[PDB]
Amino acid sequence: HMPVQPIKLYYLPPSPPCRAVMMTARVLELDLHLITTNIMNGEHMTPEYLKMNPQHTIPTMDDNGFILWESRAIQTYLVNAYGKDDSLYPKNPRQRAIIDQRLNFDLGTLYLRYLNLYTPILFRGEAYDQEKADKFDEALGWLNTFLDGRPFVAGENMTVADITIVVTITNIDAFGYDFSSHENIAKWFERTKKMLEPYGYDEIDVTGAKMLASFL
């Protein structure tokens, strides 16, 4: 029901996928043994890291010999294995399917289009590309539609999909994106912040976003 030793997370504070894992673990009341892994120094490119994770990415979860990367795979695993209840990731096939769709939308659409826009600006010093911006804005339109009639992305209760998606929304809010016109997102964003507030939201998500904001 609980892990035998603190689960190690090879992370970096500003990293969005890392932030989603950290907040999820807080809701499940799991304490993570946080270990910093520098990208520029090539701490992920060591012979020890490559054997553990051949993709050399962050975050990398180490649950006592059980290695796992990809943030959304970690999020769901932690609920399935160490969740006291299934509220964040319900077993009901139809309810789980909607969450899985939102998790897939996040990785394959929303977060991808986030990286396509901001990564050249933050780390390469490139200009704000409007073609890439329109794609990301289209994704925000779709996310707004998913929240039509629902307090959360996958239904009535907060899920792991909410925790990962909100990281992107926290990032753009720190950059200077005014998404209040997307009224479903605006109300959801305030709702999900309140839900994650006693679970280290400022400590994890805001701090991480602010660190990325200093690159502008």
The other form holds:
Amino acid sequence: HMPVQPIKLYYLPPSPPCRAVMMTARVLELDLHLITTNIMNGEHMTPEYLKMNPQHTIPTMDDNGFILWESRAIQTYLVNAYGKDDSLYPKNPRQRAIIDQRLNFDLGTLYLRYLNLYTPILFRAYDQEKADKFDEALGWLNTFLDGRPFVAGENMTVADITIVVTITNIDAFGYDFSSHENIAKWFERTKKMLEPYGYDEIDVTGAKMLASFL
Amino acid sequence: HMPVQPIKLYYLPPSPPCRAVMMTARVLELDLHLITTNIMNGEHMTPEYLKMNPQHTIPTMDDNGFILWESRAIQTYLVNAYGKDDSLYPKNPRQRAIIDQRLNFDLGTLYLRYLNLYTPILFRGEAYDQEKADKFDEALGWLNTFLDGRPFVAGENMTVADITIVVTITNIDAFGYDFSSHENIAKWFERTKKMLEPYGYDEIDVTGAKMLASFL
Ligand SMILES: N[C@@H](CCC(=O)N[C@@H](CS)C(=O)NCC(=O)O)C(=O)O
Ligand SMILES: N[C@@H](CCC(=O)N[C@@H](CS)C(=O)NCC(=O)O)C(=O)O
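Starting from the form deposited without glutathione (GSH), produce the coordinates for the form deposited with glutathione (GSH) bound.
Now the complete complex, all chains and molecules, led by this one.
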């Protein structure tokens, strides 16, 4: 009901999927043993890392020998295993299903379209079709938020926590999403919800590190 | 523990995500009332469809007023709500977590790389791009590794993760990809087909794959 040892997270501070897990752990009041894994120095490619995770990604979680990757899988695991109740990720099938669709939306649509837009910019202009696709995803998110304070209902869930990382990022990059009225208010709302749980320490700090490339 | 009337699925027979849902429903012994949704004709773009699903995607599920989209969320919902047991998606946090990683692998890695390789070929008449193939092949190597010492993707028993992943393997088989040298995938594929044959594997997955293959 609590881990026997600190849960290990192989991570980097600016990594968006790492930041999602880290904030989720803070809300759960789990103290993670953060292990800096420099993917630029091949630290994810040693015989040891590959044995743990042959897909060689961060974040990778190690909970008393149980290995897990995929940030959204880690988020839901931490709640299922160590939540004081199920508030962040309710067991009620229909409530859970809405959250799961939002998580699939995050991975398959929003985050992917975010990557396609900002990868060429942060590193090496905004391709028009990529800008169009990301804007389209924001429109959908805005609609998801109509009639509700959080993305999947009345309460903040793991879905809000991973989606907000992307919004923190584009905000730090100078992307203006205020015309999406629901997103604009949900963003302020969620920032305040996460304030006592390391939002500045984790998410803002991480976003500023990615922004330094601009 | 059963839906009060048949669950509705807005779909098209060849659609990979629709096929994953349809086979999941068969294994759980739920009848779906299938509603053909013609993307070409903009049947997913009516004010009515958009009200139901603003993302205007298929599959879209209507369980007696409850609307859901995203194939993998639909799959897990059907087990959470209507499974006679949780064998397809166990409640044990560790076993559930592994399945969730495989589902995220399927969406964010395998299926995406499948789309990037095959979509230009099938629907734009563009040539096979070895760069995009390399990415897909890399993911097949990972899947082969996931199957080292397990009969199924998440462990000892078949799960929703096997069902959605098998759609992709069915498609590439129909397209003429020979993956027999990925021995774990090869054996797993024969195993999972056998598991799914009493649950409409031919009528759903094989039929769907051949329809996509006619574009080649
Ligand atoms: N969908 C994965 C994404 C993980 C991912 O692609 N992480 C990047 C860093 S942001 C990485 O480890 N790249 C190095 C590699 O894949 O070899 C998740 O949410 O955890
Ligand atoms: N990630 C979604 C994929 C849904 C999807 O992109 N479906 C396609 C058909 S294969 C579609 O509805 N395209 C038409 C559109 O989005 O407007 C899932 O797993 O359900």
